[PDB]
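Coming up is one lone chain in structure tokens, specifically the form deposited without this ligand.
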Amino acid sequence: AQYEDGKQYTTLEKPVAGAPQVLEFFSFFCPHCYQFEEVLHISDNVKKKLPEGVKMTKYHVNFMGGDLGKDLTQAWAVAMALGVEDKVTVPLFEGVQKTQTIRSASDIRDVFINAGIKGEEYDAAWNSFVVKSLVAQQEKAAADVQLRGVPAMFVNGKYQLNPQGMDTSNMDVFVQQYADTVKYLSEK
């Protein structure tokens, strides 16, 4: 009643097994995504509503931005492999959509160095298999769920969260509603 399949979430017709707990696809080029992270703080709020044990996962997509899009996906892999995701996210959104300093593969690297990673660590990580695998892993995940647009978040690999069927009025009300539905979906 409170959460029906079709209002606040749509049950995937052809569910994907082996998928992570809570998956969230995004792109540094996607403007709505900036609103999701920087303004709404969706990623850190949903995390503060998820039950103990469950873990969130973010993947970058390459159908937006051209070759540099693919580089940002690979750049995102490096962010995951090194586990510095909780620091490079903002300056990458700002460097691409706001300041507009990031316009090639070199500027992205420059962001990481200023962030706190050695210039040798980044480059060595960029050409690492763990990174290539993650780029192939992300691409596959995005292809399985037949992703068409970002942002987007899936649960249990069998439930796609619909932001359409939720409160749009109070920005704070949509946040909690978006997080609550994730809590329920996680338990089910």
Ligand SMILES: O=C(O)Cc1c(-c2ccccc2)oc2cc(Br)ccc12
Second form
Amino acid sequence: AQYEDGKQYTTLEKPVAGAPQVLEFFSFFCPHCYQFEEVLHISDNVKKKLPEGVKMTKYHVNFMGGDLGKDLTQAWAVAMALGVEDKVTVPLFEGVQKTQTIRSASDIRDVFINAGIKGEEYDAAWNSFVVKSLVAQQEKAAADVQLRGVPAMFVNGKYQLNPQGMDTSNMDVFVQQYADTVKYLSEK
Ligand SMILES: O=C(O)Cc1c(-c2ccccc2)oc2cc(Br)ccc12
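Show the same protein again, this time as the form deposited with this ligand bound rather than the form deposited without this ligand.
Below is the whole assembly, all chains and molecules, this chain first.
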């Protein structure tokens, strides 16, 4: 077959009931995740190949970066609760990996302040029980699939994308193969 288990995707041995339709895991410490955001725009390109209104979910993970990795999962919960993901994704990636100016929870907060989120608004979300629950949701979703690596995509709780089985001589072709595989899996 053109799409084969083990080539473009793998199949979870223990599928996850009630998982999001399209679920991405990433870390701001993750070098491939940086590339998936700024160089390849994987999420944008996957979204353009799926029907309108399809739910794409993106969660941060704890297992990269120690204390700061957990702070970043909480900050992503804040970004999700406030709806400011598109405002902070690039400054957070570049603060961690390009300029290396993010070293503390206060440095993360500065990114949100510079992006126009009010200090009281950020701090109130950071300490909120809604954010505590969003943190739990992200942890539970990664636990459900026993996640050991990022960037990762899962489709319908059953299929995991396999980007290493994909051609990387051309960045544009790679993105297209990845996006077309998600479409195929979403229709499976
Ligand atoms: O090097 C590869 O075979 C595929 C790949 C990955 C990747 C590999 C493993 C897990 C997640 C992603 O990221 C890339 C980014 C850019 Br630009 C170009 C290629 C890749």
